[PDB]
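Chemist: Listed here are the chains, written in short residue letters.
There are 2 protein chains.
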Amino acid sequence: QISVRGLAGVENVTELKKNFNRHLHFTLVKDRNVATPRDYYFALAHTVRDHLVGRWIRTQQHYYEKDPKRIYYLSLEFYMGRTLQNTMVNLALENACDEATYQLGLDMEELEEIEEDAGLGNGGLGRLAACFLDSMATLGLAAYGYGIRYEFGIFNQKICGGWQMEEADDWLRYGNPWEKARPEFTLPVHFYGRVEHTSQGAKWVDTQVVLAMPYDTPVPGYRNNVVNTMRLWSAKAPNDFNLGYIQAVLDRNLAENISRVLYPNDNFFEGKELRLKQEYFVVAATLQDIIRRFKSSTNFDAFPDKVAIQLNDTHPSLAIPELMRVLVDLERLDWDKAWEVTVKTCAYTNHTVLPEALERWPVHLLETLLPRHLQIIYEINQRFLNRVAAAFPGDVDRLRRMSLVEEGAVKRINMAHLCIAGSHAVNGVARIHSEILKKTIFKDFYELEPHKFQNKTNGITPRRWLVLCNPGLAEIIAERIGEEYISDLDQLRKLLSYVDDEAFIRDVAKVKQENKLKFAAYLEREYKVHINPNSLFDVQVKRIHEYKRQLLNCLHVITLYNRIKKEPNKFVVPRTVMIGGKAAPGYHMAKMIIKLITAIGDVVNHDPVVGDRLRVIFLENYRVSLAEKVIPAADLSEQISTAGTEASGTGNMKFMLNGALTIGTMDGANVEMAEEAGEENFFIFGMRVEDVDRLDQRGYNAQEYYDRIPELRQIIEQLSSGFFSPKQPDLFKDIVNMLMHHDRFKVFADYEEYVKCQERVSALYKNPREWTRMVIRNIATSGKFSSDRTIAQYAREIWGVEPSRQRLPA
Amino acid sequence: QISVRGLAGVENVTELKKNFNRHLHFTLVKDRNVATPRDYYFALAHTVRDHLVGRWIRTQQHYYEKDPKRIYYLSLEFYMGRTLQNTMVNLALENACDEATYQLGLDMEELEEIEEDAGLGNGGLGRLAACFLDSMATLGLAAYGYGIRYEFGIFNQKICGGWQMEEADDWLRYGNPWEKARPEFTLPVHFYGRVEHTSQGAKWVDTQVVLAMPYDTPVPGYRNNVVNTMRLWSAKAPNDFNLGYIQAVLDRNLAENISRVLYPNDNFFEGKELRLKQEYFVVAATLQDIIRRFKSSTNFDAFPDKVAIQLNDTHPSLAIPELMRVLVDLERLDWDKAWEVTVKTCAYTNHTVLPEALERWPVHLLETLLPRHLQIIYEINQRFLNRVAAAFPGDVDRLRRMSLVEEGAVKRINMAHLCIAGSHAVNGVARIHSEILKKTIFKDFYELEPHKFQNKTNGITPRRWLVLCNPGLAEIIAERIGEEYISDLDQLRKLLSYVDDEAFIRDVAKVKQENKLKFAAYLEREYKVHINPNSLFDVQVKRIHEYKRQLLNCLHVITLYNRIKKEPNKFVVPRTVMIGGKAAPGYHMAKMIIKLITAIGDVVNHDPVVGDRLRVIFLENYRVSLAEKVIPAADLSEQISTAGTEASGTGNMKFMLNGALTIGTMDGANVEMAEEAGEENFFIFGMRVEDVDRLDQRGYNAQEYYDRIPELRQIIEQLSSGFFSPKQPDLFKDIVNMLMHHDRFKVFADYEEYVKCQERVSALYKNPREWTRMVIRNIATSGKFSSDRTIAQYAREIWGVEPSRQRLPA
Ligand SMILES: CCCCCc1cc2cn([C@@H]3O[C@H](CO)[C@@H](O)[C@H](O)[C@H]3O)c(=O)nc2o1
Ligand SMILES: CCCCCc1cc2cn([C@@H]3O[C@H](CO)[C@@H](O)[C@H](O)[C@H]3O)c(=O)nc2o1
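Top line first, the protein sequences correspond to chains A and B. With the UniProt record's numbering applied, the first sequence corresponds to residues 13 to 255, 262 to 315, 325 to 837, in that order. With the UniProt record's numbering applied, the second sequence corresponds to residues 13 to 255, 262 to 315, 325 to 837, in that order.
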């Protein structure tokens, strides 16, 4: 049908068809009179997976003979979403399968909707890992994703009376065709025990054994025939385990609980044992697998020339003392040499500065669970602090601030400090985030080893985030400048000469118009809710957090409402405000925000006076596959975190690529996006990082804003008095209370500038042509935000390998 | 190679080869440089399963249009063993796959050894169900096996210092190619709750829901292209289940524990909740599935003309009040009519008279767990007792004996009584067992409804128990009389005219000689133990029970030893005594017997004087696939239960079919085997049922035997004094104590007659030719003991359907 989707060969269409019928019959054991769409989804998924394997096997083979340096991406999160379309796209099968399935009298699009998301992540950090995997394959790196195969991923969110209900994501219920169990590479992981000292050195003994079984999932490069591996570990109990009899067998579940469920906070840090066991589990299994692969090439000097280990936040920080443990206790290298090898292997990526997000494990936990790792850690600390002392003699304060060991009512290990000490590179995820790292929380460490600190601004993959979710726009781009930009997104910069082209302007607008219409229909079919598609689509999607300030959005929305009710017969640019995201289950405030959002909807969507001029929708169950639908349909992208809190953001980049304009603060990667497009083509408002520090150091008094802004005063009053909760008048007292007395995120301080900036957005929207020309300037300068750029920078500046765009043979 | 194994076509061999390589590559994702035999086993298993499916689908289709009466075989046990060879055999692919795998440079026999047993049963009752399934398919009945898919089957037995250790049977670890998950037919099962009464009748409410997910496994008929289904249910928790968050997800395991593990007693009855939940679980899911199938043909009058439900012991007895519950509470038929439908649907098979094996559920358990089923049961009891009262007016004793409700310190429901009241036929499993039923435990019930009581002597399938495990003998039979006997085992009777044929005599002996040599090699390779293959192979294999009297065997073995040590220079016919079987984990005595057996081995196998004249081996991990090896290699089959305790036995039949002679008591099916072969061709010794009753009614005093038999006195003394346990002299005090003061099974009373009969066996063995002629008379009269006969009798006399031997089209 459309050309970016590949060739529909006459042979290809014919083979696809017989293979689809083979799987229906042999694999699924159905015939065409009993098959449901689920069966049809499966036969198609099996048919496409068939095309992967030859490549998968050939790619693993290449790495064996070439023996290149290997990259291990360690993460507790992989937010993959659906696999089928992405696979078709990277293999250039999309059009063929469309044809092939059409002639069988099926609608492929309807089949795609049947696939469960692999929701093995919470948000940005999980999804980065997924983009990175796609980019790594596409750039021909010999790279492995390693994580945990959670039986249950991020919970499905239901709204019941405006409240979030959590229910379990049973994503494997119907099976998962993409994975291949490999019970033959199962590995022991040890816990508890104690440490004995010999003549021969330390020994870890009387441990409980949990087995780790890997599952391999193919990660196909973009049209280069590279297929890399994502290996995910599953917990199994051993057979003699506990081994009255019945109970012993049932208790096998204690061991297997390790891989049962993904922890769903991205707000906070909970010092729960189960979580630490998951962290140790992925790191022990992964390192033995790494070492094993290294042995099949005594000599650990070359180890850093063959192995690179990237740590995605501190979650797998135990890789460091675990690598030491192996090298020292098992291979019997001396400390200094093992330590050299470890630092040259490991590198660390930080994703936040919020102090409550930092991992600080209680020492009593590590002592019971990992007694040897604590020994190694104390030894790491001691030797590190002697370097500190020697470089800053007499500075006893530096020494307490820099310790990997925090004193206090309970001793904790600061995991971030561990990663800096034992890594050769530490990076932030957007330029301002990396500066803040150097100037505030890791200032001491930076003064000690400035060479360790780097920046790697995040990106998103344009395969999923443009070609896949937005074929219309990818096609009209490709009409003008070719297809080469799909793996070289810098070429989008050539759309700049199309800024005054009348045909392009019309086409860009037409695609947006189509995505809006299609999404509005998705809204009626799947959730029975009813929106004007001529309105501006104002969307905020992302996890619910105080620092992301969905509340600031709420205050605007309430203001628009109030101004409509004051002069109801005046013209306003109509808007559909859509807000979505999950709250971590125990994050009370986050759950209150979701309730407010639906409560505003109950009032605004049912005022006869408001008409279809304002609508407030809370988008239920935000997740990767919902983002693929809502992002292309958006006009306004809301990125309104308080300056200095959002490390990078990546949602922001998805929207830029897809033809929304951005209203946002100079936070995170927003800064670089505006720098790339021109501040004129951006809606920037509010405090800069500096303004926030000025406010802090004199004190944030929220009362001041309440006193000078009558529009604001009114809103707080409606909140307090029961306007939005007529049955429980005091429902929102916590929010009003927080906003007034202990807002760490200064919602009121940005309110005035935000509302004004919002009026400027409405003003540009009244002029369709000028709105679209601005869109074009945005879409055209989005090239920097490809994860191909990001990964190429990691590769050269941290891992020491060279990207390759060259096809492997089919 | 050999002709019973089918054609090696040139096309067949060629297709098998490409399909094997397709699965290796596409399904297993290996290539020939990394594949292990496990991978090779799998590609072959996938290749053979391919040949099933077309037939599986076509067979289900036939039943849809023909709409015949359907048989549901309900059992908590299916002791299947390996599937691959059996599948090849029934499909006539054996020789082709042998050829096909030979040309790939693989040894198929070595690949077969990789398949795990499906050990979803304990012993005879589980394995009967499996034979029955094969026979049902072979006779073209539209029959379904229904059970539970246990995650862990019967434990693997390890001997450690002569003691049984149990370890978990993780049979699904590497996957199971034979099954097809069907998450689309998942069904709710309810527990707990309470009963509300309406104007509209009873309602069961506030229940916990556990979902039951079915797995379908193909059951292929013998060369008739019929493929029937074994459906096994798996427990899954619902998604809103319990639904702080983490714990709620982890607790999903409480619900799923229902299908986690098979209970391993066949001795006793344990009134454990988990077990009752398994019983309810299989019965609720199965009946809804049955009813659903019946609805796709309001009118439940035809229900008994369309549905037959066979209950394998009382384990699924709740089918009865569950069928009532559905019919009365959900479909709103009146009681009398539902009850009529239920009785005409259900039939019951009893497998023992031992009072401690009988299910008697505590009323407090049923009240909490299944409150409505208890109501139905009380109503069943009441209406039943009015029939009793009316037929035997004034007999208040009959009334207490017949009640489904037993009074006593705790009230119990007697599940056997339930099955008789609510079934149109009750059967025993061998002729003497059925008489005993009528004369003792169900005498009252028989007087009430004599027409309900029938006999169905057990059988074994000659596909697994001859063609598969003993190709040598099947071939030499087939040389003389054709292949038709494989599904008409009565034809073996024609071997009677070959009794004086010198060539046959030589061939029968040669095959036995080959199986012995091959098994002796299996003994050295896999368990490093070392046996003279010219000895008589004396084997007792079966679960360890006091009533099966492995102890009586021990006393013989100790006697042979003692006589050798008295006159060491005299000739004795050398013997290898082999004894194997598992003990239920909490059955202390059973575990003591295993220890004695190995302890006798520690003495006898290391006496220089004994030489290779006596050897005692305990065969570890007895299970279906070990039986396939040891049975064909045996000379003497030991079936030495006390008269009146072994309901039928089926091991006994396997040995008869495979050329062992039988030493046994007139117990169970032994009686009919000797009746078929002639008592002259059998080694019968000991008390008859009648003799046991005479001994009881005057009192069994074991001291009497100890006083008059000095050979016996000696053994007890060696036992008591530490002869067989020099380090713990008092180790066996429990056994000596039981034997002397409270032997319920009268081991001493049969000792004299057994030892004498053993001398007669040794005497015949000195004359090879006459031994073999007797073997031939045994093998030749084994036809009655085919499960084809048995199932044909069930079909005509209980289910009311006609067997069909006619091929379905390929
Ligand atoms: C037990 C630990 C629980 C809390 C730790 C945590 C930090 C954090 C950061 N980010 C995002 O990581 C994204 C990828 O770098 C980035 O774009 C976003 O700015 C950043 O907020 C994220 O998505 N989730 C994370 O959870
Ligand atoms: C919770 C309940 C636990 C104990 C109930 C039980 C009875 C019983 C009978 N049989 C055999 O069933 C075989 C099949 O009929 C038969 O040949 C054997 O003679 C008979 O002993 C068996 O194998 N296992 C059974 O367990």
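Some clues are possibly wrong.
Remember, identical chains collapse to one label, so a pair may be satisfied in a single copy or spanning two.
[Stated by the list, open to error] Derived pair list, reagent style DMTMM-like, types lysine to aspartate or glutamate, alpha-carbon separation capped at 20 Å: (1) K29 to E122; (2) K371 to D639; (3) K248 to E274; (4) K78 to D43; (5) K192 to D182; (6) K42 to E196; (7) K521 to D62; (8) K248 to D269; (9) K248 to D182; (10) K29 to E208; (11) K248 to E179; (12) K42 to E77; (13) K42 to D307; (14) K42 to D228; (15) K248 to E128; (16) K295 to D269; (17) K592 to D62; (18) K192 to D43; (19) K593 to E738; (20) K438 to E383; (21) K618 to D252; (22) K521 to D119.
I should point out that these hints are in silico values taken from the structure, not numbers from a laboratory.
Chemist: Decide, hint by hint, whether the structure agrees.
Modeler: These are the hints, each one checked on the structure:
When the C-alpha separation of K29 and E122 is checked against a cutoff of 20 Å, the pair qualifies only within one copy, where the shortest distance is 17 Å, while the shortest distance between copies is 37 Å. Taking the closest pair of Cα atoms, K371 and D639 never come within 20 Å of each other, the shortest separation being 60 Å inside a single copy and 66 Å across copies. Within a single copy, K248 and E274 get their C-alpha atoms as close as 5 Å, and across copies as close as 16 Å, so both meet the 20 Å cut-off. For a Cα distance limit of 20 Å, the shortest separation of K78 from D43 across copies, 19 Å, qualifies, whereas the shortest one inside one copy, 46 Å, does not.
Taking identical chains as interchangeable, the C-alpha atoms of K192 and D182 lie at most 20 Å apart whether they share a chain (19 Å) or sit on different chains (19 Å). For the homomeric pair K42 and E196, the shortest alpha-carbon distance between copies (12 Å) is at most 20 Å, but the shortest distance inside one copy (31 Å) is not. In this assembly of identical chains, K521 and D62 lie within 20 Å of each other by CA distance neither inside one copy nor across copies; the values are 38 Å within and 54 Å between. Within a single copy, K248 and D269 get their C-alpha atoms as close as 12 Å, and across copies as close as 17 Å, so both meet the 20 Å cut-off.
Taking identical chains as interchangeable, the C-alpha atoms of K248 and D182 lie at most 20 Å apart whether they share a chain (19 Å) or sit on different chains (10 Å). In this assembly of identical chains, the alpha carbons of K29 and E208 never lie at most 20 Å apart, being 63 Å within a copy and 56 Å across copies at closest. With identical chains, the CA atoms of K248 and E179 are at most 20 Å apart between copies only, with a shortest distance of 15 Å across copies and 25 Å within one. Only between protomers do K42 and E77 lie at most 20 Å apart by alpha-carbon distance; the minimum there is 17 Å, versus 42 Å within a single protomer.
Taking identical chains as interchangeable, the C-alpha atoms of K42 and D307 lie at most 20 Å apart only when they sit on different chains, with a minimum of 19 Å there against 39 Å within one chain. For the homomeric pair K42 and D228, the shortest alpha-carbon distance between copies (13 Å) is at most 20 Å, but the shortest distance inside one copy (27 Å) is not. Proximity of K248 and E128 under a CA criterion of 20 Å is satisfied inter-copy only: 18 Å between copies versus 24 Å inside one chain copy. Within a single copy, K295 and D269 get their C-alpha atoms as close as 17 Å, and across copies as close as 18 Å, so both meet the 20 Å cut-off.
Within a single copy, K592 and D62 get their C-alpha atoms no closer than 60 Å, and across copies no closer than 70 Å, so neither meets the 20 Å cut-off. Proximity of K192 and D43 under a CA criterion of 20 Å is satisfied inter-copy only: 15 Å between copies versus 26 Å inside one chain copy. With identical chains, the CA atoms of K593 and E738 are at most 20 Å apart within one copy only, with a shortest distance of 11 Å there and 114 Å across copies. For the homomeric pair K438 and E383, the shortest alpha-carbon distance inside one copy (16 Å) is at most 20 Å, but the shortest distance between copies (59 Å) is not.
In this assembly of identical chains, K618 and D252 lie within 20 Å of each other by CA distance solely across copies; the values are 19 Å between and 45 Å within a copy. Taking the shortest alpha-carbon separations for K521 and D119, neither the intra-copy value of 36 Å nor the inter-copy value of 64 Å comes in at or below 20 Å.
Checked against the numbered hints listed earlier, the structure breaks hints 2, 7, 10, 17 and 22; every other hint is satisfied.
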